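Engineer: Now for the letters of each chain:
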Amino acid sequence: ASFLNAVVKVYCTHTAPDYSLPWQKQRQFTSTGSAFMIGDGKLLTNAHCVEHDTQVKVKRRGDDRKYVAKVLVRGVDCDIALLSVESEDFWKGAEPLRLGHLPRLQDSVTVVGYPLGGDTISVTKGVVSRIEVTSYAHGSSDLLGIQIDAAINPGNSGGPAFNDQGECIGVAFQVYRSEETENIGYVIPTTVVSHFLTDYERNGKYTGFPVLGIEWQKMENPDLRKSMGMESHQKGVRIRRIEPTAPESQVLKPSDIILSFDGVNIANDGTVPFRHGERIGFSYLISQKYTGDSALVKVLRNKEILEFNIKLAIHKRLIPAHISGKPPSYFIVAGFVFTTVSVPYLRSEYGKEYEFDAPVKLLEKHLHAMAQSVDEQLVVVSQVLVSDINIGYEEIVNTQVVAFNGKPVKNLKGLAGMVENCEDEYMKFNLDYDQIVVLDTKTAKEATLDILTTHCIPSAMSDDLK
Amino acid sequence: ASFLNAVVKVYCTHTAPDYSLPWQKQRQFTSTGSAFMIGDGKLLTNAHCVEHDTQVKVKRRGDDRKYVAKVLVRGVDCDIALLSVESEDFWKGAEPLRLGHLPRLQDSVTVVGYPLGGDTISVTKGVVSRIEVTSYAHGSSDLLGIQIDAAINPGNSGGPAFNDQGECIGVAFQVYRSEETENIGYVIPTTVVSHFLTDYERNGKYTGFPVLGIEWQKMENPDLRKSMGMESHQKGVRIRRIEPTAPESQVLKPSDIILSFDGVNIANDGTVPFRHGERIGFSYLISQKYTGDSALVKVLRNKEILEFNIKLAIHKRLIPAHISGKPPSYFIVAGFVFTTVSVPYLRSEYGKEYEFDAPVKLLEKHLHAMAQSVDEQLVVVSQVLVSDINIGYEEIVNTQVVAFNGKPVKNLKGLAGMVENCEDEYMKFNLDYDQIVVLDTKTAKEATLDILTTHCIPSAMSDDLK
Amino acid sequence: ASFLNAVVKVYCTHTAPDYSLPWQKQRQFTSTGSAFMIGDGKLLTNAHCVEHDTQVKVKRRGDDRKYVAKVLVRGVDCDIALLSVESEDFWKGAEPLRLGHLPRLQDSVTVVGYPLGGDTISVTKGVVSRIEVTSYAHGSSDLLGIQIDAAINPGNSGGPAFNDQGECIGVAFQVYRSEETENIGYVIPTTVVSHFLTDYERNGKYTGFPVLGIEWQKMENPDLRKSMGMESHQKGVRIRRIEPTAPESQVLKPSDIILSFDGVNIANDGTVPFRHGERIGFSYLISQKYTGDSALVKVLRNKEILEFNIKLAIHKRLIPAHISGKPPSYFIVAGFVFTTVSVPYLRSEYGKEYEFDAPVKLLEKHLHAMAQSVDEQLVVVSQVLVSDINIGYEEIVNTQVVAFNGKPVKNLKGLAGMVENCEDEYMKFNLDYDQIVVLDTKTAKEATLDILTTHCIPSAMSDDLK
Amino acid sequence: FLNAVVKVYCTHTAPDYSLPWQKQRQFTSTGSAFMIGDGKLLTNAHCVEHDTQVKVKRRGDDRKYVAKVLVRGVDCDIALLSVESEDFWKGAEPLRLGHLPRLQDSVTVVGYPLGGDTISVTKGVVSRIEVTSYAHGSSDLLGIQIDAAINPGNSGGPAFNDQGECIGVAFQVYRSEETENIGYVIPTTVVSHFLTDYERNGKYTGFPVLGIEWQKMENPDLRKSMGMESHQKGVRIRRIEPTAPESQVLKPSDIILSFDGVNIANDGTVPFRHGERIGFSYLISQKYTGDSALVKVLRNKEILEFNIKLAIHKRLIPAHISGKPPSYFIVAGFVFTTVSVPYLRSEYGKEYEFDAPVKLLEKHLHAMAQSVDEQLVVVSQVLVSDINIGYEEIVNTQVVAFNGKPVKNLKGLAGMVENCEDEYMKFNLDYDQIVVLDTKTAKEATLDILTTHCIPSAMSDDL
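Going down the list, the sequences are from chains R, H, D and W. According to our numbering, the residues represented by the first sequence are 1 to 466, in order. According to our numbering, the residues represented by the second sequence are 1 to 466, in order. According to our numbering, the residues represented by the third sequence are 1 to 466, in order. According to our numbering, the residues represented by the fourth sequence are 1 to 463, in order.
The hints are simulated quantities; they were obtained by calculation from the structure and are not laboratory data. Please note that the accuracy of each hint is not assured.
[As the list claims (entries may be wrong)] Just so you have them, the derived chain W footprint on chain R, three or more residues with Cβ under 8 Å:
1. 2-12
2. 169-182
3. 210-219
4. 391-401
5. 430-439
[Said to hold, decoys possible] Using 20 Å as the maximum straight-line C-alpha spacing, the simulated SDA-like pairs for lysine to any residue come out as follows:
6. W:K350 x W:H320
7. W:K359 x R:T399
8. H:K218 x D:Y67
9. R:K428 x W:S225
10. R:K218 x R:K298
11. W:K57 x H:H233
12. W:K55 x H:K410
13. H:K92 x R:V360
14. R:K361 x W:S225
15. H:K59 x W:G323
16. W:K301 x W:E351
17. H:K326 x W:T451
18. D:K66 x H:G270
19. W:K440 x R:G229
20. H:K428 x H:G392
21. D:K57 x H:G270
22. W:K359 x R:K298
23. R:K289 x R:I314
24. R:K218 x H:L318
25. D:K66 x H:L318
26. R:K218 x H:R61
27. R:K226 x W:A367
28. W:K408 x W:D373
29. R:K361 x W:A265
30. R:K428 x W:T439
31. H:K407 x H:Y426
32. D:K235 x D:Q250
33. H:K410 x H:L318
34. W:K359 x R:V360
35. W:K224 x R:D388
36. W:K216 x R:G229
37. R:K66 x D:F274
38. H:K70 x W:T451
39. W:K359 x W:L429
40. R:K352 x D:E180
Where a beta carbon is used, it is the ideal one built from N, C-alpha and C, also for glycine.
Isolated chain R, as found in the complex:
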């Protein structure tokens, strides 16, 4: 029962930026979660437990005090964060958990944490149900995951799952809930946790989980395989498209057939052998490597077998699934609020149903567009703060800015600089839907200050543009 004492309750006050009004914050709100001692003065929890934190406190069993904690480091896409606690009273007699190996299906598992239904610690018990590449909902990434049938409830997030030997086999973090389903809950495996910790130890920071920038197609059809010159004994997946900002774009080509990755053969359905008689998606081979590592990729190209050693990097979306450790960027000229499109921005503008209610143009780029350069951003006029200077333009909302005075717009900083250094008589913004916005350059800039005052906006731009 000594294992329970390593598990602490997390109290978090969150203050999120208003993506729709990026100069200000949303209303404070509180949540609770769990965390556990992993050694060397560190607690592990889920990143989603402490997102946009303005205060984090922890409470250990047997002690009534809630101690101030700080977020040491976070990994948004693997949904892990480490906490530090200054108070030496908190750490007295601490006994950290040890991490165990990946479990086998049907292994007994217990989940320990602070879910709804009470204030004190709670234990639930079940078995390991399923292990495969899993969609991390909050992290928006695909990593190894352990499904279990021990009940996971709100508040369990960040607490450990234990094997019957008292070793931590991972972190309870998410559930699949519907009116049709029962006891489908997920755990971040120790292999993923170890990856994160090793990463942080080596680099003094989080460097992510690599994922090769390719889209692919299964090759289950025999005519398809034959037509591309595959022999009866060959299997693999066809490259659809390659991220321009990935180093494999310099050596791989569309319609290449990927035969293997680090000498492991990829099946026509994109799976590779996994442990004891199972098959798993090939992405697992990539995500277990570190950014900066290299991997040997074998392809078939015009019936010729080619091998390339490719450096692995994180995935950069044109429309980021998250914007962490920074307020959303914006700048304002003549009442026009320019900002960038991110998933949180879309969710703010169009609610939880943003995937169906957002403008099709924006959604099209969210699901299908690849960044053509690093640091490329989708820039839009968010809204127009209505004044006399912007007459006739008042109804413009969430429309992409494609060019400024003939020059293509690559990102927000690029655009902000262009309006800054503009000496022409007119500022000409080419917008989506073949629209043009034109302002007299001199009177445009003069009009900004009064508009900010009206809307109680303390600054014309985010600090990163100052």
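With the hints as your guide, set chains H, D and W onto chain R.
Structural biologist: Structure of chains H, D and W alone, referenced to chain R:
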């Protein structure tokens, strides 16, 4: 862990007949389920996993290929089907499961299959909760069932439940889900599975589970018992009504009191002793027998004790709960679409709420009418394909046809023959609600072909009427 | 498996009083639950299983008969009732359960009873999840509770939870259900059960669970503590308010800081040490005592440490959460229906959402008002049975009566006596919202009988006012 | 008067767009129609869409007489009916059409709405007159809003002025929890355009609308920057339909100053009547297809004039499929069809504009046809078979090329697969996917698949 490899994933493409437009099919749709090796080149799954199959494929652990399978035999009311697989690659190294005995309450149980929440195999664990006669939802019959508290999810259908010795104690098949309930899931017991397999082995086909064609009333009231001449030491159930198409109608009478079945005494509440200190509904004694078997029934009739040996048969509903291995029958004359009323037909015409939205006349027969002869059917005008020939009759929908030219209508084939061989000047259909439909016989038949063309109907009738 | 036979099925027909029309009953309705043998011809079940009983029957395993039972005694706030059964046939071969000690977290637990999904006994299994002071929903009180992750379903109420040694560790009684949660179910601990049984044995009746009549405030802020003269080493909770009808009101004062209870130190968050390294709310120390016991309370008052021995009593709400073993009181004069405000009354008048739809005046007293004297009641005009005698007063509903002919109204009996002995020409009722109702005393009383006849009301008042 | 207004009974049998080889279930509706002379009844096109039978009943006669649809204009929501029986026409007196009314003119609506079986009259005033979206037709034409109650069943009946002349056809409403008495009437000007068109050409030739997208020029800096004088006004051309004649002479960022000598304001409006303005589309709509118009534009300080021939608007993704069943063809279980609004609605429900694939909606809202008769071709679904193993999950995905050749429309694709001599059929699909089939074995596999799904033919007759 070798037991897992006997459990395969089922992929099914279903194409259901349109009961509302019986000349055509509904749109293709796919589902997935589970199945397992039981020996001799056979897989067992649920019948509901492969209903209206146009293609079935299976996938074994460790192999990426999906192999074509065929439905060998199905038992609709016990919800079991057997599959065959031609590919010898699929069967290589196969190790079939062995069936265990009926378990006891609190026995550990594990469920293995392919539920939602992932693509690979999943295991859940719990205990045997309850064993009694259970309503098989898809099969619409009452057979022994095992309730368990191991989580069963969509996709688990057709997979095995195991005892702690690795024997299969049955097939995971259905759940009781409401906002109020948790972990109420059911398993088809090995006794039912064995009945099905023995049946198929003996007869080369499925012959069903017998159920005596009697409705009965409990005799819990002492005045009731006394008034019917029961002695203080006698107990049993009163016969309300007997199916005319059952052989016990020739020897049993309404108001008989059934005292015993195969020497087993029936209590006033219709229960008999079951295993260790429990009581179960008497139907269990009947359903464990095979169709064609005989049973000794003892009754009290006017204070006289009588015994009859009665041959057991399946139950035939006037309005069938299922129509399997055949398209729904129909024929058309002069735009009138004649078909028969089945549960799938009612569900098609009036949705999932057919029990409350269907015409009361039709519902009355669904819940309460007994077939007066074998092969009797409830025939209706489904709809009228509007043309000049059927002027004034256009609004007729789902109305029973009771007679044709003075002769009673017994079933669809009977009616189809009567319109065929009709040489009278007029065809006179007596319909429900005391209506009469009259058509000139000659011009009625001539008008059919054009109407079929308009509605793109390839044939005037189903093949079974050709 | 012999333990199962001590667990019986409960069938209850309830007939509840109509709180909105207190002269009559609501419609009969039935429920089912569970109960178990605890020795000496007694069965234990939940009080909520037999609330407003007009008939209770039980059925033991293996026997088809349902035997008439009677409620021996009930404890509404701990949700326990004991049943007796006259029939000696029921008790033949009975083997009662033994009560075990409070379990530890992660201890295996099995729940046995008669939930939905079948008619026979069902077992579910899980672990002890959490132990702390718990809100008893039906009982509306705060007592020790055991949370478990074995599934509890409707019908389980009143059945035992067992440890792995076959001892009863408590009574399955309630769940926390939401679309977000799974397997949060609660058990009345053996310590609470033992309290109830000991209580009934000693006193021949139920005397409740004491709870000191104080409201308190946490003292987590250091400036707060310092400002009230607490030393750095002192901790406790501040008294906000004291129930006038509690004997600690004679010795404790608002703004006192409670330092300890029976020598157990109370933390700034109101918790005390509990078992192995845990902390629990201090109310647990009080509720484990019996009414009539005394407790030593130490307080800080103006930097002086004072100790008082205080007699403990049950909590009496102005607006009772329950009214048990008696029809709701009422009396009628001139069509005016006078009654008292209780939680069931509010629920009847304003449905399940009574906490948000009831008049704010009434709700204000429900959440915040303390009784100023014992037997004080909130009296209202429920409604006005419209006649000529009460012209102009017809729209009065649920309005508090504060005085009668200048005299304050303390409760319903007090008011009933005052209208009875009124010899003045007028009866003057002062109502809430500064309204006055005046009737001619003589013609008011004469008018009652006809009004009762119109509404088929057999009597002008409840028997307790006769 | 009342006896010229008749009740319409229609049995509809719509094609199943999701399963284009067959029809949906019969359903019935009722509406209204009126005698306009020469053995003709006028009603709404939506009253008789996909008709398998139409009957009419005149007031005081119990018989329901068979009618036939002579001609329909889907986008203006008008249809004409004929009735063979002489008994139906006994003592008939057709209605006369009146001139466009003015705001506040009294109006009566006559027809056969819900709430009873016989004729019903409602009364109100003319509320508002402006270019209006015809919901069923999906075009923008002049509409009269009125405050006389219009209910289901009124469709196709006349609205009358107080002189008993028909001022239009009651056809649609704006209903929400928030609104009351917002009903619309197809004006006599639109009706006359339809009747004149049908009389001239023996068929419906539509309402012209020029293929230009434009931007308002309300901003002074915008106007000044493009070299507009302080007195000049107009609209800026955003984009021009490649399949429109004006794509040859007009250019993006031209500023349209006038149409037929009529000056266009910065908000795209022109003088209308009685002190009101109206969208310039009205000037175009009142002309006939084949007519020309004089367009004056400003381009690089220079004022240019062009005589532009006018035509109907043709969307890449059509709002309606009329005069034919939806086109399709099948090879090896692959069902190919075209994307239309009715297809999207059938596939994704009434909320298709939010639930359909973002790729498809993108083209629905924003894409212009690049060539005449261009269509968006998709694989609708794959009828599962051995021949199409691995491709079963393909749904609603655009076909962009066949054996290296661009797919223009369904007929084009059908002809390419028909005449394919190559060993393989290689389809480039959206999302950078490729589907490949052996040419010989794919074609052989078709017939048996049809049999399984009870499909009478591999392709629609138009292919």
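Engineer: Which earlier hints can't be squared with this structure?
Structural biologist: 1, 2, 11, 12, 13, 14, 15, 16, 22, 24, 25, 27, 29, 30, 32 and 36
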